Each structure stands twice: as C-alpha cells, then as structure tokens.
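With one protein chain withheld, the remaining protein chains of the complex are depicted in position.
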Amino acid sequence: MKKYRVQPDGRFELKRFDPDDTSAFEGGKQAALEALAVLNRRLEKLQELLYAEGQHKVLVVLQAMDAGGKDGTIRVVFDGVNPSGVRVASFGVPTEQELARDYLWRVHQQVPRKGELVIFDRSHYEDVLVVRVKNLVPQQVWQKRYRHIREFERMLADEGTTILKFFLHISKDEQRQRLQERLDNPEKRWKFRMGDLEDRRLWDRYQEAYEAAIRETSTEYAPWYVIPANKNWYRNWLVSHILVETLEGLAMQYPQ
Amino acid sequence: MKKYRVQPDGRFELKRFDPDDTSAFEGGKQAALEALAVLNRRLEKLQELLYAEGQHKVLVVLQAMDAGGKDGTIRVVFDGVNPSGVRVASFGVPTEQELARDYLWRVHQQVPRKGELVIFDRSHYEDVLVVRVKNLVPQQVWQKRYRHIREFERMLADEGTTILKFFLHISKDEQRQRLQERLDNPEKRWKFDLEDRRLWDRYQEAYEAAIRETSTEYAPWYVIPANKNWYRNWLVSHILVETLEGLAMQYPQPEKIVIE
Amino acid sequence: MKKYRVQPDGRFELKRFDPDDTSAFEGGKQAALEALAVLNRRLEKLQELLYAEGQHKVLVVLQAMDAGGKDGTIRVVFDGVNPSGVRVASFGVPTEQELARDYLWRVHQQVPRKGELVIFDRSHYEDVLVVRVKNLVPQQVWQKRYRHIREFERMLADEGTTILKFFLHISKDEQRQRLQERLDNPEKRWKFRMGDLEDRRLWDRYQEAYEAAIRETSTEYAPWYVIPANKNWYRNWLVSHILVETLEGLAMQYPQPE
Partner (left out) sequence: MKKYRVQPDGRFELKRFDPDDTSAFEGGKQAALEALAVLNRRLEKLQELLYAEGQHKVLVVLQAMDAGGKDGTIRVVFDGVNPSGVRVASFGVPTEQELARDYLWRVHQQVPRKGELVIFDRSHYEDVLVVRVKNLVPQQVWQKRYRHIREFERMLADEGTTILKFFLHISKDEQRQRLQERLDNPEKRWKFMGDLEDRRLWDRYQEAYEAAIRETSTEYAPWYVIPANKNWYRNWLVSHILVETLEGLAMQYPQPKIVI
C-alpha cells in the first residue's frame, strides 16, 4: 500500500524490509486468494478500459534475485487479462548489436505505447546491478547511470507513461530452497544451469546494488515498491493491490 | 474431427460448410464448456513445454469477416496462458513505412521465434482480400501473391515453424446481429463501415479463393463454424492442442548438488 | 573558429550571428573548394579509422529552416565517405505508431552504434520547434522537453557518443530566393509542397524557437554550432572543419591484434 513505497529522499535502507513480512493483509493464504480473485477481476476490467481509452501507457518493472518470483508474478497476477493489451518484454544478457549502443537503447524499444501495458521482465536496472556486482564496467561509468535512469523514466512519465517498479524481496535462505527445489523438479530442472550459483555466492553484493539503485532511482513519477516475496500468495496479492489502485487513480473512461 | 481441414487439391468450395454446423461435438452448449476447460488446461501445459523446449515455432493465423470472432477467440481460447510464451500481432491497414516495402515485409517481422506461439490477428492474407475486393491493384499483381504466400509459408515450415490458419466462418445474418449488438453495447461502441458489409459476397469469393490456393500440407487451413461462440472456441482449441501434442515436445536436460 | 560554438551560459542570442558572415575563412569560394578537398580527404581517412577502431559513436545533428541546406551539407561534406561507415536518418512528420510512444522513441532507434557515424536529417529537436510553433501539443508539456533532450544527450555522451549539432543559419530573404529557385528547377520542384509556405509565414516564430532550443540544449557534452549557410561554399567548409578537428580530437588508434 503505502508501507512499501520508498520515498524520494535518499534515506531508503533495505534492512528495514523483511521478506517474510505479511503485515499488510490480516489473514493467511486462504483469505488472500479470495482477495486475489476479486482484485484479478478488477485488473481485467481496468486493462480493457486502458485498451479502449487508448491514451495512457502503463509500464510494470519487475526486478528480483534469481528465483525471486518474477515469472510467478507475471503468470498469476495477469491471469485472464486480454493478450492483445498486455505484453512481456524480457531483457536477458545483451547481444553484440545491443551492446554497440547505449544500455537504454534496447530498453527504450520496448516502452509501452498508448493503451498498452508492458511488463519488463528484468529491465534497464540490470545495467546498475549485474554490471556493478561483476565489474563488467568501471565504477565511474555506472555511477552516472543512476541519473540517466531517473531522467529517462521522467521523460517517459512526462509523455504519458505510468511507471511502477516492484522489487520482489526474498531472503538468502529462501533462495537456497527454491533453487534446490527447481533442481529436483523435472519440469523446472531446465531453467537452472550451474552458472546461476556463483550469483548466489555474490548475494551480499547484489543486495548492496539493489539498495543503492532503489535509493537513487525511486522518484515521485517512477516510484519503487519493495515486495516481500517469500510468500507467493502475499507477493501476488500485494503486487495486485498496488497495481489495481494506481490504474483506478487515472480515472480512465470508455470513449463515446 | 478433421472434417474441417481443407485438403491441397484445389477443389475447395466454402458453401459446403455451414456456420451453424456442430456435428463434431455430441452434446449441447454447457456440455462443451466442460470439454473446453480441460482442453484449455492441456493447452496451458503444452505451451509451457513449448517455451521450455525452445525448438518449435507455432504460428496461429486468424482471418474472418468483421465480428467473426477473432478477438473473442484470442481472449477465450488463450485465457490463462503464460504471457511470456504467447504474443498477439495485429495487422491493420499498413502505414506509409510499411507500404514502402513488400506486403510481406511487415508480416515477416512478427513471425514467431523459437519457443514462442504467436497469434496473427489479421495476417498477410489481407493483401489478397481487400486489395482484390476493392480493386486497389490490378488482377495480374495479386494473382501472383497466392504463390508468394505458399512459398513464404513453406520457408517458415521447413525452418521449424508449425503453421495453423483458422478461418472463423459466420453467416451473413449472424454478422448483422453481432454488429448491431456492438452499437447497443456500452463497453463495445468504440471498436465500430458500409463497404465491408456491402461487399459481403465478394469477400466470400476472396476468402474461398485464398483458402483454395494457399491451403497446403505444411500450412493447412481450418474452417471454423463461428455462429456459436462456444463451438468455435472448442474446435480451435481441439485442433491446436492436437497439433501441439503431435510435436511430441520434451523438457530439456540439465547436464546432484547441495547448494549451501 | 571557436566563435561559432555557443557556450552553456543560458544567454545565447541569435541576433549576434549573421548568415552572410564569412570571417573564419580568409578567402572566397574558389579558395574554399581547395580547402574543402583537403578536409574531405582527412574526413575519409578519419571515418575509416572510426570504423576500424569500433569504439566511438559519432552523431551529427543537422537542423535548419526549409531550404537551409541540410541536404546540401549531407551530399557535399560526406562526398567520398565509405557508405559502410556512414548512415543518414531522416525524421519527417511522425506516424501514428511513432506518436503512440514518446517523441524520443523513434529518435533513439536511429542512434549510432560503435564505429558508425550517423547524420540526423532533422532530429528530436523538431519536437521543440515545429511542435512549439504550430502548438501541436500544449505549451505545458513541451517546455519539459528541454530537460529531456539535455539528459538524453548526456546519456548518449557518457556511453561513448560524440555529439555535434549544427544549425545552418540562413536569412529570411535568402530563403525567398532558394524557394523560388526550387520552383523554377525541373529536377527540384518535387521537393516543394504547398505546405512549405505557411512555415515561411511563421519565419519569426521558428527563429524564436531555434533561439530557445539552442539556448537550452547547448551543453559541454552536446554543443550547438551556428553555421552561416547563406553561402554554400562557406557552409560546406565550416561544417567540414569542425567535424574533422573533432574527430582528430578523439585521438583514435587502429586495433592491433595478436
């Protein structure tokens, strides 16, 4: 709601958030899945209002550690929404043609148009996290990218884009459970490859990067939301709540 | 159930198909929504296998008269499917940058990649219908486009693309009901043209000719009676799930570890 | 030659520039055609060095009034340059697909990659000129675009893009001659559209827009250059001089393998 919105004052500290926290919903899994169902219908009717009006642009950014629940959020929260009005843009490791330009070049290509909702499955923030943790570029160049993102997102917002960025917060031990479970599942053993366990060895470094990126790039036009994602039912409900409330705030109407 | 697949013999005539025909499903309406639901979940797990394997490409082409059920088919049949594995490419009237190249230029861009299922809301067949119906180009230039489409689809199929093209068949009277409902629907007045209705019979000759020419083995055409939304949604789901299971996809290999 | 660089002090005024000024070249048209040839040869060897090194990005922005000489600058200055290393990106009136996103969306797509030199035949500055003069958007929204351009260009510069922006300055009277000459040329009337005369009627409004745009967006990382373009020989020479000396300033080197 407003507990998880980080304000643009440069005071954000990541240790003030617990991945197992569930204090916003006065209930358990069975009670939230009832609130998730009613929220999902409101999201479906809001998205058809967004597509019909065709004036607003909605950009949902999902960033999290590996197995943090990015795909789970996309699959569950946007169940039933019209496929012609929502699209997922995934930003993996860059190609040679994409590294030949600025890091914002490939991301700007996928910005939502009018009447469209685009979910960034990993976004331009990958260029201030994995590139910072593994030292793929000097510290001098990515220390300046904090200002580029603030101004790039400001340009989007001033031109009619509503920006929501969610950080799915999971604990270090919970990742050890999900990665071990992903290996012991035939139908999920394929997503994991042994190149994703050294990233876990740099757990503390990715958390300092996420703390700094959120402390710097969270603005009023593009706010950051920290989502405790140790409980899938609570993560799916809280992301659904914040997203639906912001869409109704736009006061959109069907064209006459 | 493959009575609705038209075979590559050049002897196809559309009037043999009745939009109200429902002879493939034994039962009524509500009985089909229970068979559709199990097909829908079979489709969801097949698509996750398509995304996981990452070797096949699935292209679903939807062409139909206006209000024929293209938007209804996409929303209902693909309800619940993972958005990261399915994408809708809508092809309206082309822009000046799209007319500067061939008509296949804008269509080829949206072709599915590996592990992806793409639904063509309209497709390259619009360049063998409206340009033929309204005589926007000479007959000599679009007559050759039957061969271009056959060979463009052959190139896709031979390079690992599974092509399914569904023509949602509705009657002329049923369209008059659906379009008038659009005017009397508060949430649907915005999508809504005398010229498309006035040229109904010509559009039927164009769709019949396009299907007669471009229906091949690697890219077959399916005629779907869409006068009853419940029957069209079940049959397209049946043909799609059957072709997806025909590809016999399997999960990839990881190539035990304690994480610690 | 530093007279034509407008400084980042927010007090640039276009009145102190004369389109007929030629004080940087101590000679005439014939003497400049010999200096242009020597500059053109240096540009050819510099562009192949840019392509060979493959690390720098060079973006040349050309903005000017109608018939101000943008196409003349592209053709003459880049005569002989290898087509594999230079590309022209023209930005006309936007499409509905291009208007569905931000105004910088279509411009960012054409940004040069490493080892490439891209000429913007009109650029994102059209969204603070023709959109400002003709009020295609409210004044509240495009006043914010001065900050977007400064920060978008800083993002490009910090990521390895060398930006050169040239404003070809022609007088109102000289444009009257070139537009009438365009009508009396069999091979050039096609360029003339009947909608080019309302812009001619808004001459002063376009000059206030260009003055404000240059005053706001001229920075140390993306500077503006005012080029007196009433004389094609002086316009072609001066743009060639600033471009060659800026490319040589990068001190690029050939990659030696092994």
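Read from first to last, the chains carry the letters A, B and C; within each, the first residue is number 1.
Please note the rule applied: a contact is a pair of C-beta atoms (placed from the backbone, for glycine too) under 8 Å apart; a residue touches a chain by one contact, two chains touch by 3 or more.
Engineer: Would you mind spotting which of C:10, C:83 or C:249 touches the chain that isn't drawn?
Structural biologist: Per the contact definition at the top, the residue touching the missing chain is C:83.
Engineer: Thinking of the whole complex, not just what is shown, which of B:9, B:158 or B:173 touches the missing chain?
Structural biologist: Final answer for the missing-chain contact: B:158.
Engineer: Which of B:5, B:114, B:172 or B:191 sits in contact with the chain that's absent?
Structural biologist: B:114
Engineer: Of the residues A:23, A:30, A:95 or A:256, which one touches the chain left out of the display?
Structural biologist: A:95
Engineer: Since one chain isn't shown, list which residues of subunit B touch it in the complete complex.
Structural biologist: 57, 97, 100-105, 108-109, 111-116, 141, 144, 147-148, 151-152, 154-156, 158-159, 161
Engineer: Mind listing the subunit C residues that contact the chain we can't see here?
Structural biologist: Touching the chain left out of view, subunit C contributes residues 52, 71, 74-75, 78-84, 86-88, 90, 119, 121, 176, 179-180, 183, 186-187, 189-190, 197, 200, 254-257.
Engineer: I need the residue numbers on subunit A that touch the omitted chain, in ascending order.
Structural biologist: Against the missing chain, subunit A presents residues 95-97.
Simple rule for what comes next: only the chains that are shown with their structure count from here on.
Engineer: More C-beta contacts across B-C or across A-C?
Structural biologist: The greater number of contacts lies at A-C.
Engineer: Please report how many Å separate the Cα centroid of subunit B from that of subunit C, as a whole number.
Structural biologist: A distance of 47 Å separates the two centres.
Engineer: Between subunit A and subunit C, what is the gap in Å from one C-alpha centre to the other?
Structural biologist: Roughly 39 Å separates the two chain centres.
Engineer: Quick check: what residues of subunit A touch more than one other chain, meaning two or more?
Structural biologist: Answer for subunit A, listing residues that touch two or more other chains: there are none.
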